[PDB]
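Shown next as structure tokens: one chain only, the form deposited without the ligand.
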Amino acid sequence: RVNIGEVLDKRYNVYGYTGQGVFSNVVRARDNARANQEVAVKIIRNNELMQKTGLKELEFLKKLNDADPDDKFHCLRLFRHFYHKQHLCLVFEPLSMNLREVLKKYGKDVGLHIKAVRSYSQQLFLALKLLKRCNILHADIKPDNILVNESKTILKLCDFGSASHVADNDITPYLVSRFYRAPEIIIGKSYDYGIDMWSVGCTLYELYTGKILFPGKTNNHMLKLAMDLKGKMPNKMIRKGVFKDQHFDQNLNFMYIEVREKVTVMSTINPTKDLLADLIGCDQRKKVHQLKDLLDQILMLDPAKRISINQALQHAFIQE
């Protein structure tokens, strides 16, 4: 809703857009008060509840920035905030583009160089470590919410409008964006940092292949695709889920919805999905193997068997 050339807060001169995505306009400005240095300004919706979550996003970045004084854990750095025409405005460090758009600039299904993915994975885990340390769930990790500097060497985890503290975790199967939504959310089993880990694993595969790992059209389709990888969901797990019903029968069989309407029943699924295959189309192969193995250890259906952050950080794929 803002115009180019507009000066905001008597210092920020808006010279362009990063875009409307998707709950707030983010603009590029130069800051008169600081030698015309570049900033991003996120302008939150004119909106009764959009601003509630904007004030949320403010607090989470404070704690996260307070907790990372030397900024070494790769979360977006918030500078300050103000109000303009009844909009809360957040001022961030300037960052060129998100990984969604770098991936598009790489072309249909191409992916990033394995060097890049390797470096990015380490930065994302450092980010997961900083989050857990603060007892925060980011709860929407994917390429679209990861930003990078102009040189594309440093990434930052951004958009904390979905974030929450670990404790208040509501029981909704629609937490996190679908493609990156972990099985313990869908099923209704209690969850924590592991969902952020699951999401990272989802986007690492996407960073390297250029493809969405689990393009499920619904929660049922998601669980299906997950179990096409790790076989069926563990039984003790299936049972702890407040929504297990919606997805399994008392014989703990998976009820898979189809096309008109169909509802097949499966007692076991049997892994169909070849990660290592997908991670290649046509010493370099060395690392791709490691990455596959890394993806295998973080995409475990039971959160409790999922690789820890420090072990991820310590994994062979990272250590080169």
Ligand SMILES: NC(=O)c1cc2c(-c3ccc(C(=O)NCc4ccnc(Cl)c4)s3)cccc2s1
Given for the second form:
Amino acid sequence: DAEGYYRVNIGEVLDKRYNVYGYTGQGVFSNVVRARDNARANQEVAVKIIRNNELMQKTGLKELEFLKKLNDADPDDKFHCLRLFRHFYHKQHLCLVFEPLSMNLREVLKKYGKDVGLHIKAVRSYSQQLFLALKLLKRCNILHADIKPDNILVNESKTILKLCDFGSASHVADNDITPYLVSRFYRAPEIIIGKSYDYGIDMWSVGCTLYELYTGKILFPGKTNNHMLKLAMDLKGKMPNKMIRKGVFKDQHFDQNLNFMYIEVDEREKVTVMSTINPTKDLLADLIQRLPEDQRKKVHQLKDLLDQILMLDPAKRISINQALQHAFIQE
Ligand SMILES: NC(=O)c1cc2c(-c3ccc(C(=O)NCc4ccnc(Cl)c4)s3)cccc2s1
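Form deposited with the ligand bound, following the form deposited without the ligand:
Now the complete complex, all chains and molecules, led by this one.
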């Protein structure tokens, strides 16, 4: 209609084969529906209906290009990325046919309880699959730029995960200087300051997600870009002086003496000058309930893995291979 979204009807047949029976969620970047393919023995499929407007039309065609490249590079489907079956058009809207996947990780956490999180064994298996998805993204020279529980889907048995939504995705050479890239809570410090970014932004997002997967709550629930840096510095201390100078938007958060400018509400803004930020955030205490040694040792290994991921400088950040060979996964 006026906004761009398609008015989906239950019982409607798309591309003379896809009989729509139910809705998945429908918010969203591009509305998704559940359908049965009558041309393929009524087998279940997920249809993503891309918005009619030119803003999302270019986004949909870009997503179609990225999904094709990632699927062709992974024929055996071992690098945990969403599989695109085919594409078609319906009433001016681009429609993408995908795997019949159950739900996203944000929906799984809601069913687990308020600040409960998943089991350490599931978090371990999910980590490896998330790192395997990062390996394929790096090989294809693609940045996801939106890794979060909402964009990670699971099968009915919840044993296999698949990374979805390649709408905000981009190529390495096609890098843009923007501090609003990646969903705020999963945004890497290099994006905020305006430093040259690469695959490390996807690694940072996985780290934020893995903490949320076990704790059931957001790691850095920052209201603004400035508050995001403060919460990140509450764990690993003050950002290195060499990193600050390399950033384009350094003046918005730091001064000439390389000191952080913390913005606080009340209602007018109050700037607090900080020469040094002492690490106050206890990542171990936040992770732990206190249960048996078999689980206790695994939680401590996740803490060490998170410390290696949550490094402010992307050059001093853990690699994909090291993350896969880490003690937390190898058990
Ligand atoms: N939003 C997207 O880009 C995509 C979402 C999906 C999905 C789904 C995402 C969310 C789905 C869904 O049904 N969510 C609601 C929900 C909540 C709790 N339990 C169940 Cl069984 C379903 S399906 C499946 C396959 C491909 C794609 S692409």
